[PDB]
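> Residues per chain, in single letters:
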Amino acid sequence: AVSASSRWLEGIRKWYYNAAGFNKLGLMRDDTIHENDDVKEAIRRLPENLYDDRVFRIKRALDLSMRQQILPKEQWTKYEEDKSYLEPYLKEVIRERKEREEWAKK
Amino acid sequence: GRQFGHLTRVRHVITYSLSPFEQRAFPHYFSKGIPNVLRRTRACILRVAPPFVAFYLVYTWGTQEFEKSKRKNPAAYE
Amino acid sequence: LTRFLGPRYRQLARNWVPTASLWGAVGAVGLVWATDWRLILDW
Amino acid sequence: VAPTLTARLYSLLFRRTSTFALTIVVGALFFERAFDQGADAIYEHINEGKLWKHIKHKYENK
Amino acid sequence: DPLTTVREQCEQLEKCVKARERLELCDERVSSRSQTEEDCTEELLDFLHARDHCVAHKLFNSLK
Amino acid sequence: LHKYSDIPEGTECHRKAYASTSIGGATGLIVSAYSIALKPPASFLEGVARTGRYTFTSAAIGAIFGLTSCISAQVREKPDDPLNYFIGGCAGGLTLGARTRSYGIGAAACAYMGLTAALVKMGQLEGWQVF
Amino acid sequence: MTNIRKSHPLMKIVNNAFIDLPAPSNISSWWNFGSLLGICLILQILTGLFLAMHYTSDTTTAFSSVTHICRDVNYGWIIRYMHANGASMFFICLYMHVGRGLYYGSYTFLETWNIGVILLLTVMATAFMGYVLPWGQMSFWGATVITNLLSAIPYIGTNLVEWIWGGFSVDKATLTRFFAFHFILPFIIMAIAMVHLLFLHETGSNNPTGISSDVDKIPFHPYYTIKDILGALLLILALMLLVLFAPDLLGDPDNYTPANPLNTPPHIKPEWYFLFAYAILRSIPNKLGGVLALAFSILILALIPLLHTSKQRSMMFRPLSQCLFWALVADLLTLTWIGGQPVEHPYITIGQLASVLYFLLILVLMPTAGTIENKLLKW
Amino acid sequence: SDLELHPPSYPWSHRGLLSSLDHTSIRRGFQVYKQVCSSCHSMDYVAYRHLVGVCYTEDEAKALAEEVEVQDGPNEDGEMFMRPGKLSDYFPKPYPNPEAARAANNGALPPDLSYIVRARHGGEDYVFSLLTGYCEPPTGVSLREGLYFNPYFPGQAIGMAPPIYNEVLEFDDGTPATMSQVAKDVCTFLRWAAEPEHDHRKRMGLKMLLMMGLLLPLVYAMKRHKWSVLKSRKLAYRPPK
Ligand code: HEC
Ligand code: HEM
Ligand code: HEM
Numbered sequence: 001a002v003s004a005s006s007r008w009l010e011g012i013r014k015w016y017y018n019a020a021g022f023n024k025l026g027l028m029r030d031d032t033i034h035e036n037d038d039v040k041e042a043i044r045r046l047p048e049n050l051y052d053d054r055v056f057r058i059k060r061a062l063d064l065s066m067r068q069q070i071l072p073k074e075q076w077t078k079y080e081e082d083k084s085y086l087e088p089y090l091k092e093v094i095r096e097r098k099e100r101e102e103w104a105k106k
Numbered sequence: 001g002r003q004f005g006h007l008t009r010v011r012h013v014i015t016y017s018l019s020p021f022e023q024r025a026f027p028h029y030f031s032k033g034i035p036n037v038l039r040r041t042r043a044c045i046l047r048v049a050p051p052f053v054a055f056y057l058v059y060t061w062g063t064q065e066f067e068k069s070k071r072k073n074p075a076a077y078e
Numbered sequence: 001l002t003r004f005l006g007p008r009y010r011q012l013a014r015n016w017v018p019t020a021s022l023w024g025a026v027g028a029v030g031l032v033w034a035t036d037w038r039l040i041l042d043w
Numbered sequence: 001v002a003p004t005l006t007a008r009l010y011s012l013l014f015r016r017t018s019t020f021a022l023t024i025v026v027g028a029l030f031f032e033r034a035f036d037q038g039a040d041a042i043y044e045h046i047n048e049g050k051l052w053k054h055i056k057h058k059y060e061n062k
Numbered sequence: 001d002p003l004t005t006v007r008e009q010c011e012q013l014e015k016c017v018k019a020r021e022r023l024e025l026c027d028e029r030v031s032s033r034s035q036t037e038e039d040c041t042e043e044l045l046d047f048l049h050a051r052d053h054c055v056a057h058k059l060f061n062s063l064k
Numbered sequence: 001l002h003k004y005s006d007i008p009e010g011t012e013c014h015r016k017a018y019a020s021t022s023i024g025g026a027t028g029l030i031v032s033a034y035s036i037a038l039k040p041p042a043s044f045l046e047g048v049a050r051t052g053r054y055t056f057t058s059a060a061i062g063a064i065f066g067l068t069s070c071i072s073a074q075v076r077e078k079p080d081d082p083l084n085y086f087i088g089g090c091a092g093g094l095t096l097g098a099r100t101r102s103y104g105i106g107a108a109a110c111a112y113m114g115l116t117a118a119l120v121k122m123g124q125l126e127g128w129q130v131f
Numbered sequence: 001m002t003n004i005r006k007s008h009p010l011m012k013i014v015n016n017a018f019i020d021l022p023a024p025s026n027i028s029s030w031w032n033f034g035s036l037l038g039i040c041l042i043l044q045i046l047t048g049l050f051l052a053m054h055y056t057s058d059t060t061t062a063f064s065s066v067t068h069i070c071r072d073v074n075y076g077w078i079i080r081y082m083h084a085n086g087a088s089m090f091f092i093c094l095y096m097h098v099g100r101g102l103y104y105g106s107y108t109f110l111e112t113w114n115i116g117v118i119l120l121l122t123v124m125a126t127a128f129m130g131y132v133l134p135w136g137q138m139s140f141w142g143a144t145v146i147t148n149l150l151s152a153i154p155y156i157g158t159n160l161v162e163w164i165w166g167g168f169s170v171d172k173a174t175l176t177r178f179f180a181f182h183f184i185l186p187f188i189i190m191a192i193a194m195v196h197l198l199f200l201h202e203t204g205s206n207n208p209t210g211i212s213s214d215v216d217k218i219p220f221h222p223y224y225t226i227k228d229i230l231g232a233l234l235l236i237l238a239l240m241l242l243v244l245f246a247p248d249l250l251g252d253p254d255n256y257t258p259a260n261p262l263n264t265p266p267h268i269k270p271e272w273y274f275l276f277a278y279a280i281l282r283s284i285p286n287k288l289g290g291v292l293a294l295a296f297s298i299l300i301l302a303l304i305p306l307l308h309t310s311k312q313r314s315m316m317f318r319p320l321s322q323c324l325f326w327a328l329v330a331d332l333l334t335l336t337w338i339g340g341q342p343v344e345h346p347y348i349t350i351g352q353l354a355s356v357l358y359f360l361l362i363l364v365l366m367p368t369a370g371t372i373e374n375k376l377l378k379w
Numbered sequence: 001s002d003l004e005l006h007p008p009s010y011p012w013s014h015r016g017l018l019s020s021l022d023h024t025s026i027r028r029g030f031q032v033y034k035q036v037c038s039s040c041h042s043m044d045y046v047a048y049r050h051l052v053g054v055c056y057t058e059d060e061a062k063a064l065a066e067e068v069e070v071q072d073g074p075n076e077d078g079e080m081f082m083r084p085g086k087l088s089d090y091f092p093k094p095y096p097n098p099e100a101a102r103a104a105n106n107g108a109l110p111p112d113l114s115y116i117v118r119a120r121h122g123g124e125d126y127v128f129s130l131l132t133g134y135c136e137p138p139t140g141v142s143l144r145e146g147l148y149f150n151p152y153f154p155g156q157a158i159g160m161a162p163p164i165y166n167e168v169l170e171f172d173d174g175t176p177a178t179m180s181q182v183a184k185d186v187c188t189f190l191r192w193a194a195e196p197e198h199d200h201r202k203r204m205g206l207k208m209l210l211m212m213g214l215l216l217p218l219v220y221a222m223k224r225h226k227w228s229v230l231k232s233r234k235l236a237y238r239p240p241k
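Chains as they are written, first to last, in the working numbering: chain L, 1 to 106; chain U, 1 to 78; chain W, 1 to 43; chain R, 1 to 62; chain A, 1 to 64; chain G, 1 to 131; chain H, 1 to 379; chain F, 1 to 241.
Just so you know, these hints were derived from the structure itself, not from any lab. A hint or two may mislead.
Beyond 10 Å from chain A on every Cβ pair, some chain U residues (computed) [to be verified]:
#1 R2
#2 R9
#3 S19
#4 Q23
#5 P27
#6 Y29
#7 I34
#8 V37
#9 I45
#10 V48
#11 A49
#12 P50
#13 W61
#14 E65
#15 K68
Ranges of calculated distance between the beta carbons of each label pair, as one might list FRET restraints [as the list claims (entries may be wrong)]:
#16 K58/A <-> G289/H: 48 to 58 Å
#17 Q74/G <-> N61/A: 21 to 31 Å
#18 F4/W <-> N36/L: 49 to 59 Å
#19 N36/L <-> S28/H: 17 to 27 Å
#20 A37/G <-> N36/L: 52 to 62 Å
#21 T100/G <-> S28/H: 22 to 32 Å
#22 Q74/G <-> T35/W: 56 to 66 Å
#23 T100/G <-> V145/H: 52 to 62 Å
#24 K58/A <-> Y165/F: 14 to 24 Å
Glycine is no exception: its CB is placed at the ideal position from the N, C-alpha and C atoms.
So that you can see chain L by itself, here it is in the shape it has in the complex:
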């Protein structure tokens, strides 16, 4: 029964993403992920393009952090462009491990 709420929920989301340093940094939500064992395997599964891209964006990022400068207003990450490119990969990895765990019950 979410009509007004969905739009309202969507509105809240843009502000957090815009508000977040990640949008300012230019590294997409997916590059901000805590690199753990599942993320790690999803990462490894990335295409050269996808994958090399993450390396540059984090490269450019950690470079800005080091210098304390923000990227120009023109070049920022816009919420409407949520590449959840990790998501796909990341999902399965978890999917596969959940299964494995479950198969080990008895």
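Given the structure of chain L, go ahead and fit chains U, W, R, A, G, H and F with the ligands onto it with the hints provided.
Relative to chain L, chains U, W, R, A, G, H and F with the ligands alone:
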């Protein structure tokens, strides 16, 4: 067991750097610094602003109230 | 001992003396502050 | 043309680390003395007559 | 000699006059209703503070 | 206002600052009220966003003004001269300067809000009748 | 290899954890507290060994001894005040260290965070014992009240407090014990610090962004050795600024009074580094409840790794947690204030709320905020 | 639970970072302690080492320290046959041992002034405002004779006889001995016995401050030069794609 040749894989990234003796330690430091320092501080102040305000307000109230109870007692009972 | 000695080595020794010579001067300066010889102070 | 002060300094004293350190040793000496002298004086100025150095007169040799 | 004068002066300022009224009533309230647990000490504690802040700054230029 | 008026002097800075916060909040609700009245926000959530804006801003201005004023009173311990409010006056604009994210409006607000406050204190000292 | 000094000696290779090691590029100034933390341990150590070159550990003398160290001994005055002030630094620095891994997800390094925690609580014991060595009013009574706080344990407690003290009170017995333990804890601590560094050298240092920097790694020697030296420069500045211009300022306690066991400063309290714990302890009516709660304040730290809810080990990109993070530090500041406060209504009621707000922020608020943020990002 | 009044930041030559002690003050004060205070309060960690610290010569203080050993001498310390001469002897204990000391003052125990300044909360200000602070008991108040009322004592009562009163003593030079003028001098000598090293230390601090600025600035420059390369480098991605 090697930390430099084994960190990660990076393709297609070019980096350009200059030698210490060719540049200045600070290039337009006053101009660059005021903006970045000012811009960063405002965001930082806002996020950490809430913690600071509460502490100051509570400290003032506590000192006053503790002092206040101690300050007058004779007038109340006679 | 014998192996270390050589006809060829002399340039290094000469170079070492200056760096060594420069190094030697520093100790005198370093020692002197701690030593505080009145004569050293007089110098 | 001449070398900037620094370039002169450089080529005389800082190419060879032997000379560089020599310098520093020398410098550390010379520096200590002037600092003290200057630093001391500054401090004594700020407490004129408050310190024994100033006051020894009163009871000294009659 | 020195101390004693400057103290007085200090209690001659409009804020010392003003807050000495609490001491005056104190003292009388307490002396008349002597059995009460009322402390005149606590009343004095405000006067003294204001007298002494003053004293300090002036009293110092008077000594050796 | 009668509540805020019994400062006394500047003692207990919080007690005062709460009152100034109250006045700032009141004026914020009024300004928000006419603003909503004369600039039909469209989509009511935006309207409460607006009123939240003004209310919080004016309340903030009142708070910071009040406490800087009383603190200056309890620190300089002058404490009665008009300049004692003026800092807070100057401070108030900066608060207003912060929310507007502009040096300009903050700068002007500093000066004029300062002079206004100074005139207010001067007026309490002189019994100026306004009405 | 031939004549590569570094790897020649095996021993010298071990030291190339300073010079050659992969170091993240981006890296707040906050990190300089690790290094600084170790400068503080070394400082304390040299100072301690020179103080303990002219100190005695007896009721009669101790006071005098310290008093003699500060008067007739040559440059023992600064050595001692450097010592005292140092430890303040040592703590100021430690709490920056913990804040940085509370913020940036450095605590992700479970192993390294549990050694940290051990480190922090070892350094706590050393500072607790060293403050009593002088044997001044504050010291005397502080060690009675704390130690006796242990007698809250129901079955043992009582016997145990008397074992620790080596008697029924705090006389000589106890004061020599503290001298011995104070001297040997920092040497045991040094091995733990090196065990700490060991683990941490297996995964490298985290960053502001919270993301792996293996794609951008810098030689420690070129860059970080200067940064560290510079950070020392400032560190010493603060130490000497303190120790040269305001010796006592940060050493709240004015009690330079030889301990008289019947006498009491109605205002009994640990130094600034312990206040938090103190305040949290007084909030509970019951003695035992307080001691457990005291422990948990500090011991609560190891639980944070489990508490982590978000997908971004970096707080950097998370508002709401940044907001509660800061509050908790300001709550912490609030609690330190209560520590030097008369234990009366005004402060009581405040402290109590503060104590719940601390545990909330750590145990319930943040965790939730973590989830929320994840759901806003659609994670 | 009685409000305690607190000391002014009384105008002191030394209040300031670079400000130092005024020995003439020290000197004067010393005599105040010695004549006004030696009688009940001790100073154990103070030896007869004013020499340079108080501008008393070594002959001057030797002499000064000789008579104190002739009258109070090591016969109170346990040197049966000791008289004038020695300089390593510390200021003479008013009484054989503390228990006595309370009897002479009826239960109270005259605190060693060595460290009073740094011991008791509030420094020289408190000490000055105590001595100089003595006002009339407050309407409706009772006072046992020993319990003189003092505006600045925690428990609002102290066992202290006329600490200092006008014309208590006389100084060599001629400094006008006012209750307060004397207390200004007494406090100062106390400040010094509390922190003799600190007065010397303050000068080092001034040097340290000068040293720190040159050093702090220099360190930053070195850091920038070393850290300059990291900031300077350009990073870009160029795939054939
Ligand atoms: C009777 C001899 C006597 C002399 C002379 C004397 N005092 Fe005292 N003083 C006492 C006694 C007794 C006490 C204890 C007060 C109490 O317990 O109420 C005391 C207490 C004090 C205190 C109170 C500190 C505290 O909070 O316990 C200070 C400060 C002090 N003396 C300093 C001085 C100084 C400085 C002088 C010299 C000007 C001086 N006194 C002269 C007897 C004396
Ligand atoms: C980092 C660990 C250490 C900490 C936190 C520490 C802290 C302290 C503190 C807080 C005091 C009380 C001083 C005062 O307020 O007067 C003290 C005193 C003392 N410490 Fe340490 N210390 C440490 C390491 C050491 C070491 C390694 C030694 C000896 C090797 C040592 C020897 C002493 C001695 C002998 C005293 C008594 C003299 C005095 O009071 O200064 N300490 N220490
Ligand atoms: C005696 C006290 C301590 C010393 C001497 C010390 C030393 C160091 C040093 C030199 C480093 C590397 C540089 C840096 O990251 O700052 C570091 C990192 C670290 N320390 Fe400490 N440490 C101490 C206490 C602690 C405490 C109390 C904790 C937490 C409970 C802790 C946890 C960590 C963690 C988690 C890191 C890695 C963070 C990262 O770089 O991503 N340490 N330590």
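> Enumerate the violated hints, using their earlier numbering and listing them in ascending order.
none
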